[PDB]
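**Q** So the chains spell out like this:
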Amino acid sequence: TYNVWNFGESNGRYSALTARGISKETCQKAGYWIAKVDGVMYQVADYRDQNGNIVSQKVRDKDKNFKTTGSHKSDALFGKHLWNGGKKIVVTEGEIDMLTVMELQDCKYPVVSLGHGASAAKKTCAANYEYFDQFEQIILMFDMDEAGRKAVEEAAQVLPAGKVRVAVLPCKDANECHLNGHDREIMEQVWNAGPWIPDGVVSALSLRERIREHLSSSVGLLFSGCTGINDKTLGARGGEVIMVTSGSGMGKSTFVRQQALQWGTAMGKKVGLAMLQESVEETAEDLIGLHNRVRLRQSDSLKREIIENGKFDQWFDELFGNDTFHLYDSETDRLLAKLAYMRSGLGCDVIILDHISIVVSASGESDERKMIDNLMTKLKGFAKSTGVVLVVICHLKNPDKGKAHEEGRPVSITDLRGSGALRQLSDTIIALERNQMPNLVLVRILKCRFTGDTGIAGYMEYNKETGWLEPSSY
Amino acid sequence: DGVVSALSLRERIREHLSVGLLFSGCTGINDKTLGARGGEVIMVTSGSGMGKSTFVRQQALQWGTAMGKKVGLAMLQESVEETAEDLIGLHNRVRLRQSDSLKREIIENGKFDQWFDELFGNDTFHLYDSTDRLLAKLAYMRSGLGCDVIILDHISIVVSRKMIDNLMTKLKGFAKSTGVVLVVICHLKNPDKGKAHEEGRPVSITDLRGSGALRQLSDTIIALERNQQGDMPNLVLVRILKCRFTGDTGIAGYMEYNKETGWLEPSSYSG
Amino acid sequence: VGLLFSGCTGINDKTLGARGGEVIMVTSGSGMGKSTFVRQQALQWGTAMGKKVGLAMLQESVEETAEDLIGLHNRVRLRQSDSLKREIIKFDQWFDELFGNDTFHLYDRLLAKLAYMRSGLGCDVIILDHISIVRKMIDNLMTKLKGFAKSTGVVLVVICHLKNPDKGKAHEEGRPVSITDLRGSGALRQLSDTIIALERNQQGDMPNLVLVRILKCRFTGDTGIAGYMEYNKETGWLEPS
Ligand SMILES: Cc1cn([C@H]2C[C@H](O)[C@@H](COP(=O)(O)OP(=O)(O)OP(=O)(O)O)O2)c(=O)[nH]c1=O
Ligand SMILES: Cc1cn([C@H]2C[C@H](O)[C@@H](COP(=O)(O)OP(=O)(O)OP(=O)(O)O)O2)c(=O)[nH]c1=O
Ligand SMILES: Cc1cn([C@H]2C[C@H](O)[C@@H](COP(=O)(O)OP(=O)(O)OP(=O)(O)O)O2)c(=O)[nH]c1=O
Ligand SMILES: [Mg+2]
Ligand SMILES: [Mg+2]
Ligand SMILES: [Mg+2]
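Chains as they are written, first to last, in the entry's author numbering: chain C, 65 to 281, 284 to 396, 401 to 506, 510 to 547; chain D, 263 to 280, 285 to 396, 402 to 431, 439 to 549; chain E, 285 to 373, 377 to 395, 404 to 429, 439 to 545.
No wet-lab data here; the hints were simulated from the structure. Treat the hints with caution; some may be incorrect.
Straight-line distance between alpha carbons at most 27 Å, and here's what the computed BS3-like set of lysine-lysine pairs gives [to be verified]:
id: 1; chain 1: D; residue 1: 369; chain 2: C; residue 2: 454
id: 2; chain 1: C; residue 1: 408; chain 2: C; residue 2: 336
id: 3; chain 1: C; residue 1: 172; chain 2: C; residue 2: 93
id: 4; chain 1: D; residue 1: 448; chain 2: C; residue 2: 186
Just chain C, same shape as in the assembly:
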């Protein structure tokens, strides 16, 4: 705080470092020494300019604190003044790493250190562009941490290209490789380092193993109720978005719960339901009677009879014997956190997002379209990063003229309600239509990205006594 501390007025001494692994000759060469002020021994490093004049002290205690004695610039490097050229420099992260590298080479290669570290490296590298122009190769030697990789990624932009090489280490940095006897690896990473490879670009030649293992694993997961759906779309796949549409009360949820039953029972996949039309008391209740080929909630006489005889526990045990059903009950930020907890932690493979029109209309926004677009692209980014089968349910809008959508109207692809990016970022669109013959439902495949065949996929019938979607003939 006061001024540059002189070694005479602070009882200075140039000695070795036993617990770090640095002899006294390298500390005599650089200028790292120890003062005795305020009783406790304080270590101190010296900053010089390009000429060689002392500009700053840096004082560290026994409990790893920092203390600048005065004006701290950004164009001041720890270890810069000793060299004024050369063919190869090694840039470190901390300050003991410079002593570590100059210990093992007997002062033969120019080694500099940063004055801020990895937090403010871009500021001290942008102002130091002119010092690195007189050099021929630059070897960056940072930590093997997240902040170290971020600093070596973001600090190689302001430097001249073609000279910046990055080395890897099995330690944290150079000092643990100096302590643990790994003095044979750090001497090879200086002379032979890794060339340019920024994250984001991938060469087409060095991709053989990933393409080899990628066509080995997924694929499959057939549908149910009809054959033409699997004849045209070839099932549901990881990383896709299948969007099922209908009118009002046309059977857009019954088909999805039937597919959830077939995918949770016949194939053994963990299924995560996000039902927002009803509570969790109902969407786990109808599956019992649907597996037992009846209508459970739609008959009051059978409810008391299965309460009395104890058959309800038998029906609960024969269905939910495995942990294959994860329910959810009802901002748009925490819902994706729930889906990430269902995908990463518990391990779901089929995630159903029912009735999306009450997560874009229940949020307070002035403009609905940008919110729908941002939600859809963030959900697609989630489904592409994790790679999970994701079914999403949305609705239709009002026609301009003619019949209504709930009386046999053939739907078009522009009838999706809310925006026009619901069909641009979805991977399969299935529409269900019927006419109130009140049970003849037809399936229209509007868009398929995997195959190409669209149009009428088939016909089904809804059973009013059991609750299944049976295939018909017509």
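For this one, chain C is given, so just place chains D and E with the ligands on it according to the hints.
**A** Okay, now just chains D and E with the ligands, sitting in the frame of chain C:
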């Protein structure tokens, strides 16, 4: 001052003029707009699921092998393994992704490595893995790789009105300074009256999402249309919408899809 | 009367040509031919008029806008014929025929360059090719250019664009460009002196018949349909019919 006289400019004009890249399939394009040139930003437009990626992938495949120029992709929409498998299947005439029993054959026969080194044997193709960071990556590809064709697969997911105008001015300044051939895919807006774009509706230049400067800062716009719920779903119509260098616009030709192989090949059709 | 226009000879029949101190705007859509129409007036005011012309190609480079002039003066579509670009490389005789004088001055912060072209060079026709790459920043720029044109008295021709129509056909298919269709703000139809619009049926029977519309005139005042020009794809000159 940075003014330029037209008197002391003789050698710069003489050294400048000392056709360009051609399109594969629908040979009425390179007769009408006279092929692709350096410093161009080409726009590709169609409806939802009409074959924009399918059309641009064949152009990448035919500019990566028969011309010998470096090709840089940017698949912002999907993973690089999918587009790599699609390129490998498309060059060897055999539809690979949409066949399950054929993918497991070539990994155990050992001829997959015979397919891999035939087309990726050179350092031609360079893939990208998913605002200013993407521009920095593309500028790094152009500087330290020297690629001639750069493909941007989906511009709608880049937007996370003036934010699109600034991006388009920045891409135009990049393609003007570096002189790289840039291909950009963009989408159409929701029609408010009549049929949809997927049932053969003539696409105008008005239908562009986001802003209105997508047609004021680009050099050429190619639209593709095809009747989806119709009699045949593969006969496409190609429409040139704007060309600064030639000017002649309109209907170019017709192509079919060839469901077995996947090559967009031209065919004959009167009207 | 002042400066005359070459092609569409109903303009100087209606607004009596251009005059000093004016701000001329050409408003058309994408693919209508705004740069070719202003290029022709740049060519016809540098050799037949004898006036110093200051260009500002903010949209294109300086190599294309010079080769375009060299080709257009010699009746040859130059930049699009590959065989003729290597046949003539007689090129220096074509070069010193129109660049042998000190008439044309191209351009590769902008107002300082324009004030240096007016003061230090003596240019009387300043052409600004693209304005959209530069509500406050547009109107402030228009008032600064208006104060500059009032202080100096230089003819100024600036290209701007049209907005996106919300109902009906587009501007590229025969819709008449009204006075409302201007981007940025509403001061573009209040601070200029004349507005010339070009209309041509792109997706039509013939794409090479442009109609010219006058939208405003502070001297004569009469507006409406001017005439009809053809393009002559072999040559490239907009000629009236
Ligand atoms: C498809 C179909 C449904 N139904 C009955 C079963 C159910 O009681 C009801 C539809 O079941 P739901 O799936 O609950 O209705 P929905 O999802 O279409 O409506 P919403 O948009 O509000 O979510 O109609 C028939 O009777 N015949 C049929 O063909
Ligand atoms: C071009 C074409 C594609 N197809 C089908 C089969 C192809 O595997 C599939 C590929 O279409 P895509 O290229 O994936 O469609 P897209 O990229 O334009 O749409 P998006 O914005 O969602 O990315 O389309 C046909 O059936 N007939 C055709 O003529
Ligand atoms: C006027 C006219 C131009 N053309 C052609 C010649 C040129 O290739 C092109 C000229 O149009 P441009 O002058 O380039 O149009 P623009 O400047 O308004 O738009 P932008 O630069 O953003 O694209 O059109 C014709 O074919 N017939 C015509 O009548
Ligand atoms: Mg429902
Ligand atoms: Mg695509
Ligand atoms: Mg122009």
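**Q** Does each hint hold? Answer for all of them.
**A** Going through the hints against the structure:
no. : hint            : verdict
1   : 369(D) / 454(C) : holds (22 Å)
2   : 408(C) / 336(C) : holds (15 Å)
3   : 172(C) / 93(C)  : holds (12 Å)
4   : 448(D) / 186(C) : holds (24 Å)
The structure agrees with every numbered hint stated previously.
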